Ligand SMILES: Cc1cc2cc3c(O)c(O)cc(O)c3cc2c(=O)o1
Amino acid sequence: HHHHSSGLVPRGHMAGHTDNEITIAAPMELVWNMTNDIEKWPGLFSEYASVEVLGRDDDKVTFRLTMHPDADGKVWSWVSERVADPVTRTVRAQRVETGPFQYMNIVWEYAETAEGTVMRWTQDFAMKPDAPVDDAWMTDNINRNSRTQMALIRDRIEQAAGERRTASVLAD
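Any chance you could show this chain by itself in the form deposited without the named molecule?
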């Protein structure tokens, strides 16, 4: 691989845009497969109470997200769509029901490095003019919560990789 990476690193910055990367010490196939197994997100991520696949059109997958209750106790739920391309190791998603946003576009990209798989998440959005918070606020909130979720995904995938390795080394 000959490039190196490590840890959780912000990239780019500007309100309405977030860009963060994390290195996960696991091979690309495992990282790709677990992060894209969206019905198991509630066990991988800590932020979704449930993820339900609604349909697939060719590759476009359409799905409904339901969060845990927010600080006011409210439960937010919406439909998004995503196209995951394993050849370019890129996923492009957007909210279909935009909620308090005018739009929200989320791109995930993956590559290999000497330390494992780097996964970079970029989000672009703008709040509706009458939304309860502004872009600056939402930008800081998404950065902070992304950082927490990326780290938890890193931990759970490194755990899974370790367990599969132990099973294989102990098997005949």
Second form
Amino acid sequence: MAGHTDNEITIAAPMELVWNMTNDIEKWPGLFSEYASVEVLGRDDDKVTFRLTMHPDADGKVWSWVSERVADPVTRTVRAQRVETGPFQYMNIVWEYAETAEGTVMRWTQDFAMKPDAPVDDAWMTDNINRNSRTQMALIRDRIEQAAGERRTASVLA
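Could I see the form solved in complex with the named molecule next, after the form deposited without the named molecule?
Left out here are the partners and the other molecules; the chain alone remains.
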């Protein structure tokens, strides 16, 4: 409670592949299904600034914003925040990964609060974020597992 989402998925693929594919942001439009577009606007050394544009929501509204993220492959963590807070007081996003017996776990956590005069409340935003997160996590899992299986078939059959 409240303005907090915490979602995870296990992907039956090795850490290197899961990390590389999920952090290849210019290819996000082909991996995720929720974005109309992803544009990388800048990179300092470590920090990547990019614009996301979602497909229309349930009200037909298009959400588009700029975020900055730092992905650190040594700790297998990513931290992101919104460059302009807009309707939010703030939005902080952390992605963590680990190895388990079943493959690579990826966990996505978001912590935020809406501004007093935002067009939607924390509950609406929380519900949307859980719904989209759960769907996208499931889809990314299927695509990466498919990529892993195809790589393995190629390797074993060669």
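Positions refer to the first chain, counted from 1. Only the largest set of C-alpha atoms that superpose within 1.5 Å between the two forms is called the rigid core.
Once the cores line up, the CA of residue 85 ends up less than 2 angstroms apart between the two forms.
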